[PDB]
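Undergrad: If you want the building blocks of each chain, they are given just below.
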Amino acid sequence: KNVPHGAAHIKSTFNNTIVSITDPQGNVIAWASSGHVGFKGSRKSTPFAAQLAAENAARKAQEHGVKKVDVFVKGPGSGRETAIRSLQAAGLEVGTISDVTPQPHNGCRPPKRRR
Amino acid sequence: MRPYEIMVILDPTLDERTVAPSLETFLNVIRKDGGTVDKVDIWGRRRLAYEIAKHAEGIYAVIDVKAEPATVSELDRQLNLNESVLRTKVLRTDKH
Amino acid sequence: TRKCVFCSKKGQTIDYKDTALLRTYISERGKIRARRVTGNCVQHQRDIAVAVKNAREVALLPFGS
Amino acid sequence: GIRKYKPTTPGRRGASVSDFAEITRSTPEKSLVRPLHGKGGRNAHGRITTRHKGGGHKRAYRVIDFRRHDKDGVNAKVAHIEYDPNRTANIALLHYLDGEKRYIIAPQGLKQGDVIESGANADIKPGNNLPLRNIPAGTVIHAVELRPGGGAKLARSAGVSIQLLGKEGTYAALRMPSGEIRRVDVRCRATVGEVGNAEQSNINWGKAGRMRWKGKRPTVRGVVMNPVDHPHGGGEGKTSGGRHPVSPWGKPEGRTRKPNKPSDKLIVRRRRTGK
Amino acid sequence: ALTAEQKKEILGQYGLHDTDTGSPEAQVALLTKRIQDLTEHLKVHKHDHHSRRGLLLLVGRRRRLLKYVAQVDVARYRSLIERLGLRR
RNA sequence: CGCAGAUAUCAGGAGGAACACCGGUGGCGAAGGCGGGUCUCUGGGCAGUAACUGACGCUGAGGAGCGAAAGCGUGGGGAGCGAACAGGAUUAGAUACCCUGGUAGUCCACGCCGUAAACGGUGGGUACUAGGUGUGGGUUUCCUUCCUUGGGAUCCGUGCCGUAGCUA
RNA sequence: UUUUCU
Ligand SMILES: [Mg+2]
Ligand SMILES: [Mg+2]
Ligand SMILES: [Mg+2]
Ligand SMILES: [Mg+2]
Ligand SMILES: [Mg+2]
Ligand SMILES: [Mg+2]
Ligand SMILES: [Mg+2]
Ligand SMILES: [Mg+2]
Ligand SMILES: [Mg+2]
Ligand SMILES: [Mg+2]
Ligand SMILES: [Mg+2]
Ligand SMILES: [Mg+2]
Ligand SMILES: [Mg+2]
Ligand SMILES: [Mg+2]
Ligand SMILES: [Mg+2]
Ligand SMILES: [Mg+2]
Ligand SMILES: [Mg+2]
Ligand SMILES: [Mg+2]
Ligand SMILES: [Mg+2]
Ligand SMILES: [Mg+2]
Ligand SMILES: [Mg+2]
Ligand SMILES: [Mg+2]
Ligand SMILES: [Mg+2]
Ligand SMILES: [Mg+2]
Ligand SMILES: [Mg+2]
Ligand SMILES: [Mg+2]
Ligand SMILES: [Mg+2]
Ligand SMILES: [Mg+2]
Ligand SMILES: [Mg+2]
Ligand SMILES: [Mg+2]
Ligand SMILES: [Mg+2]
Ligand SMILES: [Mg+2]
Ligand SMILES: [Mg+2]
Ligand SMILES: [Mg+2]
Ligand SMILES: [Mg+2]
Ligand SMILES: [Mg+2]
Ligand SMILES: [Zn+2]
Numbered sequence: 023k024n025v026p027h028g029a030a031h032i033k034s035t036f037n038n039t040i041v042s043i044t045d046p047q048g049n050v051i052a053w054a055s056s057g058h059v060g061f062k063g064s065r066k067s068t069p070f071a072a073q074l075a076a077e078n079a080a081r082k083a084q085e086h087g088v089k090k091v092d093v094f095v096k097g098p099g100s101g102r103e104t105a106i107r108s109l110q111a112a113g114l115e116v117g118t119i120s121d122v123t124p125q126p127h128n129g130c131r132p133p134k135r136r137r
Numbered sequence: 001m002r003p004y005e006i007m008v009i010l011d012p013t014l015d016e017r018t019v020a021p022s023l024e025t026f027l028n029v030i031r032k033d034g035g036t037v038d039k040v041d042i043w044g045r046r047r048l049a050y051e052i053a054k055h056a057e058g059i060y061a062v063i064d065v066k067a068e069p070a071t072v073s074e075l076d077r078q079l080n081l082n083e084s085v086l087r088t089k090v091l092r093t094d095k096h
Numbered sequence: 017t018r019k020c021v022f023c024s025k026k027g028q029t030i031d032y033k034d035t036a037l038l039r040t041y042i043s044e045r046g047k048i049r050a051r052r053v054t055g056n057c058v059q060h061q062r063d064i065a066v067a068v069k070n071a072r073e074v075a076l077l078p079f080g081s
Numbered sequence: 002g003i004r005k006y007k008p009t010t011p012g013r014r015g016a017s018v019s020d021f022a023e024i025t026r027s028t029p030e031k032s033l034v035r036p037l038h039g040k041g042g043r044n045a046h047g048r049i050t051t052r053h054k055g056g057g058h059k060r061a062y063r064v065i066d067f068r069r070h071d072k073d074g075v076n077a078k079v080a081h082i083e084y085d086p087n088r089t090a091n092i093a094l095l096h097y098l099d100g101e102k103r104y105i106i107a108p109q110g111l112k113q114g115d116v117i118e119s120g121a122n123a124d125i126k127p128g129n130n131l132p133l134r135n136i137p138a139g140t141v142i143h144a145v146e147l148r149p150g151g152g153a154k155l156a157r158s159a160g161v162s163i164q165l166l167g168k169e170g171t172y173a174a175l176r177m178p179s180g181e182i183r184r185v186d187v188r189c190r191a192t193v194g195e196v197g198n199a200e201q202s203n204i205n206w207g208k209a210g211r212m213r214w215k216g217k218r219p220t221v222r223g224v225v226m227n228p229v230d231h232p233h234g235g236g237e238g239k240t241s242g243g244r245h246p247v248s249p250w251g252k253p254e255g256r257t258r259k260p261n262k263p264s265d266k267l268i269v270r271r272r273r274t275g276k
Numbered sequence: 002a003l004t005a006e007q008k009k010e011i012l013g014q015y016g017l018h019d020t021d022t023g024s025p026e027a028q029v030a031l032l033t034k035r036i037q038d039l040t041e042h043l044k045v046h047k048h049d050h051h052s053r054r055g056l057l058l059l060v061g062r063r064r065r066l067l068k069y070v071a072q073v074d075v076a077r078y079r080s081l082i083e084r085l086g087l088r089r
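Chains as they are written, first to last, in full-length UniProt numbering: chain Z, 23 to 137; chain V, 1 to 96; chain X, 17 to 81; chain R, 2 to 276; chain C, 2 to 89.
Hints listed in this document are in silico derivations from the structure and should not be mistaken for laboratory results. Hints are not guaranteed to be accurate.
[As the list claims (entries may be wrong)] When the alpha-carbon atoms are kept at most 27 Å apart in a straight line, the in silico DSS-like pairs for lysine-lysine are as follows:
#, chain 1, residue 1, chain 2, residue 2
1, V, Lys95, C, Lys9
2, V, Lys89, X, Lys19
3, V, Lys66, V, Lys39
4, X, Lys47, V, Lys66
5, R, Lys31, V, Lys89
6, V, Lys54, X, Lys69
7, X, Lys25, V, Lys95
8, X, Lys47, Z, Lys33
9, V, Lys54, X, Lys33
10, V, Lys66, X, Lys19
11, C, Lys68, V, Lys95
12, R, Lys102, R, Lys31
[Unchecked claim] Facing chain X, according to a computed beta carbon distance under 8 Å, are these residues of chain V, among others:
#, residue
13, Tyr50
14, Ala56
15, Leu81
16, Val85
17, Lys89
Cβ atoms here follow ideal geometry from the backbone N, Cα and C, with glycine treated the same way.
Given the sequences, and given the hints that come with them, work out the whole structure.
TA: What follows is the structure, given as structure tokens:
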């Protein structure tokens, strides 16, 4: 399969990170995560695991033949800069950067505090 | 007997010429009820901020009328009932 | 602190019609700027806020696009 | 409405009755009633088919129209709402423009002096009918047809409702009142709305006669039963029967759906109790 | 709220002379009309407890003014009572 | 919880609660409390003219009403959150602090009970006693552009620092 | 993390 334009979805939680490359129309081509890379336990939060997952995803996307990608990133900042830099250095170039995080409009109710 | 300003947004599939005939037909009821004074203006076909009813265009029309609360409420209900329209807004022109 | 230009008699009327003045008082993110920065009187700030909100509801301004 | 009795005799304490604030007449049309006879719960052979079912009161059957495709594209007017014991919910009388008279179930929220559209391209007004293919998703419906030209054979009791999920090809997904999901051809017909009189549940009877008139006979518990006629019977005193509960005929509880049914390998999932 | 037209008409109807405005009779007339139309609003608006507070305050004011008119002169008191149709 | 096809992403649909950016030691109400938008009705407050009534002012035992959240009765709805109860992990013992599940309740309509550190821990009314320094509303007069926290006079509300005095 | 008693 071949597509000229691509889109990347990346997000780092407080204790996990996942990266996926998707067709601009929505269909996904490949995905990777530190879990697939083979890190267990609290090691997920480490930025190096996110870097490895991003490298694997980029290599798979290159295998399928993706040239340009757009980034739609979200989530709390854990491996933002390292992940984006590794994606850039893997052989793909990013045209625009957009930060779209889901911000609730004072709806529902947050969980209790931790003691 | 208070000054009222109303705006109505219309879908794009209809032609521009047929718009006003509908407007006077709709407002005839208020005209014949309280002997009201009306002024009309038509200017639309502008990009919409977001998506409404799976439509990307609209027609903006503003009308100034002085009538009863009963008449204006009836007009609002009828207009909302009609399918050709999307949304209707009514507000006072005076301080309150 | 910069003076409130709307307290003048030459100031324009406040309405949701003039997209130019509606937009010039909001940030590129689509949020309403703070009193400390706009430097307007409370009444004028509130009328601007309600006017912009009505405009966003009637869909002339983006929802923070 | 709901009315609760003021206790004045020991038997009536706590009793209630539904306030019939929705009825307009108490006389069915002489041309639409058909007779019915007290039946007794037996069959041709005369054996008792189902125990403790019998007795009651004489009832006269009224015909109802569950087809609603012979007449199409012709409007109708709501005339009256009438009492009906034979089914839980109330019913309405319709006056077709051409002059015919017909009977349908009374949907929730309907009242006298209204307009009902029965066209294949009718509006979304409650009480209308049109094929599944033409109903928008997400609406609530009743009187569902199990298949085209089969008559409304589902969701006819009071307070029931069906929710329409997405659509595929010739198939559509329906949320069953009991949580199931079933597929049916879109060619069939259905009705929008739900059955009214949702206050059926709160009725408290409290009197033997109010059940006898309906025709419910006593149940006679199992343990008291003698050992010969029952599997739990016997024993000096009263006991749990000396054996895990079993039907009064030898076969225990458990699986009850016959497997390998033609629908067995086509239908999706089963119920889950109390989630 | 009462408007100029009707309020002036009540004042002319019930005034001792064309200029008095703070006369006890004009006062009671205005207060009774206010109470009447307001309670007309409240028999359809149920839980506006602030309006209920207003009711209590205005009724107390009417009671006190009626007591004053009685004290100063009870002939005018009885006459006003039978003209307005109130009980006490 | 999944390998019966999860997480993730694109399209569509269903449904409940609450409204970030305006937004603050800012405003309003007697106190509790109060802010997505439009429409209908309604209360109170302040400045000036001062036309009118002509002492009609304060107070308030008993009494009546209002009155945070929690709980109960009758009937619905229940997205998220979550007492009680199950499990996992630490501890010698956890009936807790940590985590995965979750029933009342949080919501609505109709009646209930009338309780808090309901604190400014300081009742209401009246007249007087050095200032400096912010903030909201209404009127006036002058540098005068007459734009302008330029400046002068006055009524009401709300903060900080400050003499005489009082106070262990 | 946790960490009893005089
Ligand atoms: Mg951690
Ligand atoms: Mg948590
Ligand atoms: Mg204003
Ligand atoms: Mg028959
Ligand atoms: Mg035989
Ligand atoms: Mg039986
Ligand atoms: Mg018999
Ligand atoms: Mg029935
Ligand atoms: Mg009984
Ligand atoms: Mg039995
Ligand atoms: Mg026996
Ligand atoms: Mg035997
Ligand atoms: Mg025998
Ligand atoms: Mg026995
Ligand atoms: Mg024994
Ligand atoms: Mg036993
Ligand atoms: Mg058994
Ligand atoms: Mg079942
Ligand atoms: Mg997904
Ligand atoms: Mg409080
Ligand atoms: Mg007002
Ligand atoms: Mg004078
Ligand atoms: Mg009360
Ligand atoms: Mg409560
Ligand atoms: Mg309890
Ligand atoms: Mg309760
Ligand atoms: Mg319940
Ligand atoms: Mg749910
Ligand atoms: Mg446990
Ligand atoms: Mg917990
Ligand atoms: Mg939970
Ligand atoms: Mg106390
Ligand atoms: Mg004092
Ligand atoms: Mg001050
Ligand atoms: Mg000193
Ligand atoms: Mg002291
Ligand atoms: Zn200003």
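Undergrad: If a hint holds in the structure, say so; if it doesn't, say that too.
TA: Hint check:
Our distance criterion of 27 Å between C-alpha atoms is met by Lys95/V and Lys9/C, whose separation comes to about 25 Å. Distance restraint check for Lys89/V and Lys19/X: the Cα-Cα separation of roughly 34 Å exceeds the 27 Å cut-off, and the hinted pair is therefore not satisfied. Straight-line distance between C-alpha atoms of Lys66/V and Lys39/V comes to about 10 Å, which keeps the hinted pair within the 27 Å bound. A C-alpha spacing of about 35 Å is found between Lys47/X and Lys66/V, which places the hinted pair above 27 Å, so the restraint is violated.
Among the hinted pairs, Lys31/R with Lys89/V is inconsistent with the structure: their alpha-carbon atoms are about 54 Å apart, more than 27 Å. Note on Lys54/V and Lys69/X: the hinted pairing holds, with a Cα-Cα distance of about 23 Å set against a maximum of 27 Å. Between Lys25/X and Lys95/V the alpha-carbon distance is near 18 Å, which keeps this suggested pair within the 27 Å criterion. With a C-alpha separation of about 25 Å, the suggested pairing of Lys47/X with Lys33/Z holds against the 27 Å cut-off.
For the given pair, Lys54/V sits about 24 Å from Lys33/X by alpha-carbon distance, which is consistent with the 27 Å threshold. A hinted pair counts as satisfied when its Cα atoms are at most 27 Å apart, and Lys66/V with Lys19/X does not qualify at roughly 38 Å. A distance of roughly 41 Å separates the Cα atoms of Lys68/C and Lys95/V; the hinted pair therefore is violated under the 27 Å criterion. With a C-alpha separation of about 12 Å, the suggested pair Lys102/R and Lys31/R falls inside the 27 Å cut-off, and the hint holds.
With 8 Å as the threshold, the beta carbon of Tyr50/V comes within range of chain X, its nearest partner Cβ sitting at about 6 Å, so the hint holds. The beta carbon of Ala56/V is not positioned within 8 Å of any beta carbon in chain X (closest approach about 12 Å), and the interface hint is therefore violated. Restraint check, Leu81/V versus chain X: the minimum CB separation of about 20 Å is more than 8 Å; hint violated. Here the hint on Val85/V is broken, as its CB sits about 13 Å from the closest CB of chain X, past 8 Å.
Annotation: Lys89/V was flagged as interfacial toward chain X, and the flag holds, the nearest CB pair being 6 Å apart, inside 8 Å.
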